[PDB]
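Undergrad: These are the residues of each chain, in order.
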Amino acid sequence: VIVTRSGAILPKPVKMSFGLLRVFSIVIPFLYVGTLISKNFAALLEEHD
Amino acid sequence: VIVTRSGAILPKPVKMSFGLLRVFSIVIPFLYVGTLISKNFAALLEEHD
Amino acid sequence: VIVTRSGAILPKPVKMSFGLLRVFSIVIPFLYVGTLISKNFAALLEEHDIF
Amino acid sequence: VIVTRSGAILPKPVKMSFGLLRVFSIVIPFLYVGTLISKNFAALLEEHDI
Amino acid sequence: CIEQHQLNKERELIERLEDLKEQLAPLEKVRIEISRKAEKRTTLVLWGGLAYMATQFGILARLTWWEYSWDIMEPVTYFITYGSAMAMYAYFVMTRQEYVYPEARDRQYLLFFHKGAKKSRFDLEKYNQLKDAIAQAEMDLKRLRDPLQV
Amino acid sequence: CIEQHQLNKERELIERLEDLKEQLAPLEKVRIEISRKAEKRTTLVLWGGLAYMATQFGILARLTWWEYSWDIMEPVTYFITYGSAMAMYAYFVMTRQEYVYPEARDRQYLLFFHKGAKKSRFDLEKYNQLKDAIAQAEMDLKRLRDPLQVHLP
Amino acid sequence: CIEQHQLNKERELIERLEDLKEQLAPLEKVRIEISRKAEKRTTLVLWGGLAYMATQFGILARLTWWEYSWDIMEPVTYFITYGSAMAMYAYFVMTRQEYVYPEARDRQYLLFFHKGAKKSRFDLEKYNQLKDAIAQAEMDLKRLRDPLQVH
Amino acid sequence: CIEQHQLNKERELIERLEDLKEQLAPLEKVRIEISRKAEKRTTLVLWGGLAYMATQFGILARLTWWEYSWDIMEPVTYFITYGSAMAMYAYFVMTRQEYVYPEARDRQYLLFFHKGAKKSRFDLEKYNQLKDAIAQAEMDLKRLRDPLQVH
Amino acid sequence: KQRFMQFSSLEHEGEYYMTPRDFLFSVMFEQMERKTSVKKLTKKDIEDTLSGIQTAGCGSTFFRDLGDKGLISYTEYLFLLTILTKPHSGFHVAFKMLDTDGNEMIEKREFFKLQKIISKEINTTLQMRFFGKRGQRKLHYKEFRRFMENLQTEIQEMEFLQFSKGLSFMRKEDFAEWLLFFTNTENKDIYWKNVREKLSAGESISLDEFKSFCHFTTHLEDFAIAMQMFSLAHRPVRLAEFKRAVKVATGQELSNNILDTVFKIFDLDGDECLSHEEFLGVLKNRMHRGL
Amino acid sequence: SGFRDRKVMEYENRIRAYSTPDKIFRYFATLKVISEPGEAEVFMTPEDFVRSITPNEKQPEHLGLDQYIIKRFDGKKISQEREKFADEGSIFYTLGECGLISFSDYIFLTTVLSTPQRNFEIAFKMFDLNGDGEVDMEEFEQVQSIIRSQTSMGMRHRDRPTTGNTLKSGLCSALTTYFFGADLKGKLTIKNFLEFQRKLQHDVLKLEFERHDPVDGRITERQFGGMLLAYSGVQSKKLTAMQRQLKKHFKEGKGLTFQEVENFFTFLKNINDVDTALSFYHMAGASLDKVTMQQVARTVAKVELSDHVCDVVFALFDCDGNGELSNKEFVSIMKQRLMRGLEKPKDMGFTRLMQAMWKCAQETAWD
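Protein chains in written order, with full-length UniProt numbering: chain V, 48 to 96; chain F, 48 to 96; chain E, 48 to 98; chain C, 48 to 97; chain X, 191 to 340; chain U, 191 to 343; chain Z, 191 to 341; chain R, 191 to 341; chain A, 87 to 206, 229 to 399; chain Y, 104 to 470.
I should point out that these hints are in silico values taken from the structure, not numbers from a laboratory.
For each residue, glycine too, the CB sits at the ideal point set by N, CA and C.
Any given hint might turn out to be false.
What the hints assert, rightly or not - Cβ pair distances, simulated, as ranges: (1) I49/F with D313/X: 37 to 47 Å; (2) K199/R with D336/Z: 20 to 30 Å; (3) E212/Z with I49/F: 23 to 33 Å; (4) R333/Z with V220/R: 53 to 63 Å; (5) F453/Y with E119/A: 50 to 60 Å; (6) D336/Z with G238/R: 55 to 65 Å; (7) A459/Y with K125/A: 50 to 60 Å; (8) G105/Y with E329/A: 40 to 50 Å.
Unchecked claim - So these bits of chain A aren't anywhere near chain Y, every CB distance computed over 10 Å: (9) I132; (10) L170; (11) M256; (12) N364.
Said to hold, decoys possible - Stretches of chain X that chain F covers, calculated by requiring three or more beta carbons in the stretch to come under 8 Å of a beta carbon on chain F: (13) 233 to 242; (14) 253 to 259.
Take the sequences, apply the hints, and build the full model.
TA: Right, dumping it as structure tokens:
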């Protein structure tokens, strides 16, 4: 995998630029929304039954 | 994986017609009849015991 | 997959002869050994020493 | 697939340098470190709780 | 010593192609039907697998929410998972092939094609022979036209 | 008249290459813009999958430690993890391939590419044919200019 | 003349093929017997693995219904299922390749093949050297007998 | 006007192969040095991954069977596996990979090898450029055996 | 501790002593410009204890009839601190345990070993008083609790009169400014805020409600439990519940202006409610008096 | 002894520490009576109530979890006199069955028992229409809502067992049987409620005494001390230390009647004040000795004490046989035995530490 047929060097794989900041800055809000909407769901469904 | 050796962009993939409904038409009643024989199994087993 | 690059049908897929009853007759004894071995281990364990 | 295209037989697989008596010897000390700091975590939960 | 040979070879090769495409139509007219019934039985297998999934889901759904406790059915629902892992290993040791979905449907496809090939007296032996000869001839005409490009 | 005929053949192939590249350039622009369109959409889909993966975990996180017990949510997690494999199987029943992440990624990108093709109504078949003709002209010229099969001194 | 000369080159090439088939003959029967032996050993390994999974199923099957409870054995259960994944990651790193069933079965059969070869001492290397030679001469005879190109 | 071309070109071509080899000769020892200096680090991080898996087993072991319940640890048990299946998806979003362990160590080794070359200022481009030219000449001579002998 | 050395008055055998008046200065005032000088103890002082004791009123007028005619050691000073800061820190307990075998009538010899351990020769006024002139009597428990009561009450009297600024009463802001001698927060500016804005200042308020306030501050943890009930119940704290909470903290009830002023200081982003835990913290910065 | 028995005792001590209380009630209950039109309900004995409280103790193998002795009582079968599990005059008798205890009742007893008296004083005197603890049923539900929010913080409502609003109806069964009578009109005083609590605690304690088989109403000194050390880790080394120290003295055959242990456990209701008294007896030079122990106890709690009890108590909590008691070790083990392993069941203490780290974040946000 490292080398080619020719024994060359494969190029550096790209990184999604600033993707680490992206992935946690998308983890955090949908964490908080999965918190929020299900607090909503609980507060409604206790009133239904 | 998107293009060829020629760079020709690959053809459109197949989708079965109405297929989401074709699978949703099978998921649901088999669930329902398994739910029925849940009752049929439980009632008969409390009948024997 | 099912069609060769020559447009042809693959050779016939092969099974194992009596392999179905090999599974059906290998699972059952070793399931019974799994039944046996804890019975003959745990009562031994409270027989021999409790540290 | 053990036989190549030409009918020849693939080389010897390489085991690495008595692995079974060194990987076994490295899971255990990290597991001791783990159980130690978990105990440390519970005791610190009591301490800063106090 | 080529213009004579390829003047012969083009004409004879189109002759071989024509003769084999004459030979192919009675076999292929059977191949379509047997492949069709194989595809019908295999598609039935796929939908039956989804039936198995949904039905197991529903019977394990009703018990732990109306009649039995989860606390006494958590072990059974562990054991069906472990039995499923054992079934994958059994598929492996039976087929000498990994249990994965397209390979499984191709395995069952060729089984339920070759049952039909048995039941219809189909010359599979001639069919793949013809497709091999036609593939050879097609390679020949391609390697005829390409030095014709040179 | 050997070498003049040979350089005429080479000139012929290379100027066919030139003309077909000249036709390649206008449609390639519409191709590359619809590519960045469908790429934007499929990158949104790639992130939205992780958004779903997070907003499930927010629900399941709140609903075991704050306002229901694990006795309550444990069967729900079982049925979610079972419907996981059930949907991944149903995907294979839907389309004739597995649920593999780069594979499905390419599927969704290419499917959005054809959705953009049907909107913009550009000549995808001409694009396919021309783009094959270019590469065949390149490979045959690669065969042509071998210094072990010298035609050009 | 080129006729009997080129046909003589063809004839000596099929002579060379005959030599390559000839020398393979006394060697091949130790390879076949080793292959069958390590085959039954691999067969024992595979059915042994199935026997293991049935055993590990059967132990918990004894205990956790009706020798015992279920809420006591769920930690043992999870730790076993997790240690399975741990040992699979280990088998990656202890091999520098992936644990997927046929591509490890073939590793084990290959290992048993070289195990039998080390006891056997029969020049497997000169064997498959000869194999590459005869397959090369095969492709030579293929290319030399082109139907399109007259010779 | 066809064969002495091949003979003089063949002498020249094995000569040029020798020049490519001698121009390679001071360089690739530095490549093998960087090949060590990356690979040892990658082995360090893989044995570190196994060690992390060990610690994650062990803290769960102690935190159940001496501190807490299982029923107040079965949730965090579940959320760790769910976090791992979340994290591998995040890996696939970051780089377009399935996260299979040989592909894992291959991308990690590429990351260490390019930093190791860039810190050592290794002309990677002249390296693999020259390697490709070497490979082209070698496949040329492997061709130049065959119709010059088998016709 | 060091303030005893900062506020010492007499010197016998190297021993620093405090007068009742320097004790009054130490409890009213943290430190002053005044020198709190130290003179040598002549043997008139062991008769000054008698001659003050032969004259002073034995209740809530005791030190102010004494002035300087008294003796306070370091352990006695720490005991006085324990009285005025730590009620129910063991007083029925001590007369049960120190001199048992009968009633709660304690003996003089367990007096001194009292002084050191609850806090953790010549006589002062204390054992000259409690046990008689030389230890002829035994101290009575109800009489000592009365002594605690009128002594702490006399502290309240001193705080009232010194902090009346010559008035007959305390105003609202006299009392609340009194109430913030021991408050040093960053919301203190907020706390003074309702002082200069949200206060109908003036409104002279008597000593008896001040006494009721002080006894309210004594029984304080029960008020903490009631406002903890109001923490784990979303019923906000209005005037009647706060009245009721003071009553169940005491068995006694109080003014309005004290109570409404407590509301006005402690609304604090909750309108017409009590900043209740915050109010408890204000009273305990008041009660600790620096530690 | 017995490895399986030791592991079951592990498991059930994990349960009584950290489980969820509905699962606890489903664990220790043994009886399932079929209201033959409707369905069966799951009740437990007072014995099962004890073993639900008591650590280091087990119930037999077919009881387990959700595996009940099924007692079909009421329906077509002519039921005249149902099984009096509890003695008459038990608190458990006086609730809505002839000696049975529901789920809701289990929550109620866990609240009322494992809560100090002072908190109920304030609880009555806050929501009583008067400020004087005279309380109706509605404010009593308020009391239960506030104080079920104290111990069993993690509660739930599966709505299959009695977790729901039927909790309130079993509470109503308790009141209509016993607190407000037939009409549900009058109020209940503070004093009668605390009397109720004290009698409940006494009945629980008499059953806890009863489970030992006191031969001639007298318990083995070792078994007595083991009851004294119920809420503990392993103090068996101190158990045998008390034994071998007592194996010098000639008292170990004499047993202990119920009345003495009754007296001492009433003395424990005052012992959390005489931490002070014993603490000042430390630095006053006097020695922790059994004579002054029973003298101090007969002064402060006014409850009489034989020498034999304080022999065993001392020889337990003496400083490893040195002939001298230890102050705060004994205080903490008495507060542990007193609280019955109450505070923070089903722990999520990292939530409180997250709040603590955020208070430190707010405290550096002052900076």
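Undergrad: So does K199/R sit 20 to 30 Å from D336/Z, Cβ to Cβ?
TA: holds (26 Å)
Undergrad: Checking the smallest CB distance to chain Y, is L170/A really beyond 10 Å?
TA: The assertion about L170/A holds, with a minimum of 19 Å to chain Y.
Undergrad: If I claimed the Cβ atoms of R333/Z and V220/R lie 53 to 63 Å apart, would that claim hold in this structure?
TA: For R333/Z and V220/R the Cβ distance comes to about 42 Å; the hint is violated.
Undergrad: Taking the CB of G105/Y and the CB of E329/A, does the distance hold inside 40 to 50 Å?
TA: Given a distance of about 48 Å, which is inside 40 to 50 Å, the answer is holds.
Undergrad: Count the residues of the stretch 233 to 242 of chain X with a beta-carbon closer than 8 Å to any beta-carbon of chain F: does the count reach three?
TA: holds (count 3)
Undergrad: Are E212/Z and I49/F spaced within 23 to 33 Å by their CB atoms?
TA: For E212/Z and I49/F the Cβ distance comes to about 52 Å; the hint is violated.
Undergrad: Holds or violated: is the Cβ of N364/A farther than 10 Å from all Cβ atoms of chain Y?
TA: Since the minimum Cβ distance to chain Y is about 17 Å, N364/A lies beyond 10 Å and the statement holds.
Undergrad: With a C-beta cutoff of 8 Å, work out whether three or more residues of the stretch 253 to 259 of chain X approach chain F closely enough for the coverage to hold.
TA: holds (count 3)
Undergrad: Kindly confirm whether 50 to 60 Å is satisfied by the beta carbon distance between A459/Y and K125/A.
TA: holds (53 Å)
Undergrad: Starting from the range 50 to 60 Å, see whether the pair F453/Y and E119/A falls in it by beta-carbon distance.
TA: holds (53 Å)
Undergrad: Return holds or violated for the Cβ distance of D336/Z and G238/R against the range 55 to 65 Å.
TA: holds (58 Å)
Undergrad: Holds or violated: 37 to 47 Å for the Cβ distance of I49/F and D313/X?
TA: holds (41 Å)
In the structure shown, a violation is registered for the earlier hints numbered 3, 4, in ascending order.
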